[PDB]
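Using the sequences and the accompanying hints, generate a full structural model.
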Amino acid sequence: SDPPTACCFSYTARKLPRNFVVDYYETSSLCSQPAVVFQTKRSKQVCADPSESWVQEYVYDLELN
Amino acid sequence: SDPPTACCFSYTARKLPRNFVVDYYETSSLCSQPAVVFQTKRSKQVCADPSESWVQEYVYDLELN
Amino acid sequence: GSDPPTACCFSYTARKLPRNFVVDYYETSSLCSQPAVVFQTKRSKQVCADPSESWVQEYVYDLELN
Amino acid sequence: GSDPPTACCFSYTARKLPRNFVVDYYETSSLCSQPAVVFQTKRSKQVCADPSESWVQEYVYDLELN
Amino acid sequence: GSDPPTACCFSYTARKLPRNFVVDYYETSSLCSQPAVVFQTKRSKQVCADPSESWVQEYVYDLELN
Amino acid sequence: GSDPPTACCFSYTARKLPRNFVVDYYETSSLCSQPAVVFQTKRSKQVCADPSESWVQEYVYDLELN
Amino acid sequence: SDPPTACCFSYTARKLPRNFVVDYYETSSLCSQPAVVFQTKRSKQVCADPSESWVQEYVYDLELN
Amino acid sequence: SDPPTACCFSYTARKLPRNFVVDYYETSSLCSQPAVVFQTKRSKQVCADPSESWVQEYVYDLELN
Amino acid sequence: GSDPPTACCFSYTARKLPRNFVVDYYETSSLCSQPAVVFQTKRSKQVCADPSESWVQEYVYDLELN
Amino acid sequence: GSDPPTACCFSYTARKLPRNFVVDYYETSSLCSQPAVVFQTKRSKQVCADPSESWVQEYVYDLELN
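Residue numbers (PDB author numbering), protein chains in the order written: chain B, 5 to 69; chain D, 5 to 69; chain C, 4 to 69; chain E, 4 to 69; chain A, 4 to 69; chain A', 4 to 69; chain D', 5 to 69; chain B', 5 to 69; chain C', 4 to 69; chain E', 4 to 69. A prime marks a further copy of an entry chain.
Warning: the hint list may mix true and false statements.
To be verified - DSS-like mimics (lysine-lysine), calculated; alpha carbons at most 25 angstroms apart, straight line:
1. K45(A') with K19(B')
2. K45(D) with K19(A')
3. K48(C') with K19(C')
Claimed, not checked - To be clear about the criterion: a stretch of chain B' counts as covered by chain E' if any three or more of its residues have a C-beta under 8 angstroms from a C-beta of chain E', and this derived list gives those stretches:
4. 32 to 41
5. 55 to 68
In short, the hints are calculated from the structure, not lab data.
Backbone N, C-alpha and C fix where the C-beta goes; we use that ideal spot for every residue, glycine too.
Structure follows, in structure tokens:
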């Protein structure tokens, strides 16, 4: 259809514990800046800065393993 | 927390029948364009151009009544 | 999702879908070349339909209100 | 089906995907307004990629003959 | 969601909450002047807590995992 | 009242609210990084507004006096 | 906004009958001493010493039940 | 009885419009710092710094006139 | 209020107050030399009473629960 | 009344009142644990003042003979 798109205008400042995270997605390229959104065990959603080591590590891990 | 913000880059082109709509909200000023998001009875979410009048009409009705 | 593809209809069904086959529907994006209802069945079959048809709209109404 | 929706890309990804995320590709229908490669990740995600881009071309080539 | 206000803690509770008073939590936006955990009580109250305390991170884990 | 979180606005609505959407307001704590007026709508929503705008101070007066 | 904070400098000396109490709250950590404030059926407000046990008892009961 | 006492730990930063204010009181001397609390037309309550000109002016005025 | 005086009882009434005279009651501050119920009548008469008396406590209960 | 509550001061004001706020005074009962002057403002507010303080003494004197 024509749903709204998820964008991030601010990033969490805290590294999340690995086992708090159960999934991720990357925000559209239409958004004004790049971002990763992590889904948690309690199903919360968290904007996270893709420039940071820990974010990439979790992304690599959720994708590959 | 630091969750995603809903943003509309593309708007629906049809006019929604009034009775398909149960709720609405308006996208953050941080988005690159103004938008109204309508919620339908099937719990779907549709971007809508706030410059269209039926959009304004339904918004006043949902707010006031 | 990120930058996934959009669903678009380039033809409309010519045969009416049995109403009880259909469990859901969506409208295709306005980015598409033409408007279209996509009907969804229980076995997850996807059927493009002409929005200007009367049974299409009748189905859409039943799905949305009932 | 008899008249299924077609996958089309209108917006591309601005990111170069990690090659090791990508396990497959496919090209969008000629019926689409524009040509696109859609990459498919290990996780079954779908990423529209702009065929004009060199990484996109290189990725396809590598998938095909490797 | 439009432009509603953000929850920020400028002070932390100095008392420790009995674990069975708590039923949920969240952390404050990075936009705030300091980090904080906000617990939600059975009676539906909201309590700013210092994230550097042991009980605070214990509760958060327990809430998040179990 | 114990140690609940403080409401702070980090961004202001860019739209002007129809006067008859609004039914109450408050101003944010001086503890916040910037000043702000938060309006409460008929549908009970909360909207951060820029205190330096004309309509914002008009509404506030009207709400406060009449 | 920027309203006053409730603080207890003197505590009540009697034990409130349970059924006089309808609600409670706990004074901000900014105050100079810990306190529980009980609300009565006549909507009065009574500081109470959190170190006293009937105080704790009633608090658990109001929260849990 | 033994009610809680109103204390202020932070002061408004905005000078209130005179006709928003309908009353004042001064906070107990038991509180950790001196303060004035203004009551408004809508019956809100506002901690205000007594060191400031505008506060004293309103205090003088509500007292004398 | 600011630093207003406290109400304290230094004697207790020796005559029982007609129950229907009484519309409200309060307990005197613990800062006082002795405990006391202060009963309030319709014409705003203030009457100190011994908390250990049975009619005093009976009145207090009726006022608080009914 | 037959046994009315007595006004007593346990805490004093740390502020020197503006002389022009004060329209009257009275002294608390000898039954009180401590001696106090209670000032009465234009607005009928009541302020316990510490008789040890010079401004308090001066205020009383001025009220009495002026």
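Taking the hints in turn, this is what the structure says about them:
| no. | hint | verdict |
| --- | --- | --- |
| 1 | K45(A') with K19(B') | 28 angstroms, violated |
| 2 | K45(D) with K19(A') | 28 angstroms, violated |
| 3 | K48(C') with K19(C') | 14 angstroms, holds |
| 4 | 32 to 41 | holds (count 4) |
| 5 | 55 to 68 | holds (count 4) |
Hint compliance for this structure: hints 1, 2 are broken, all remaining hints hold.
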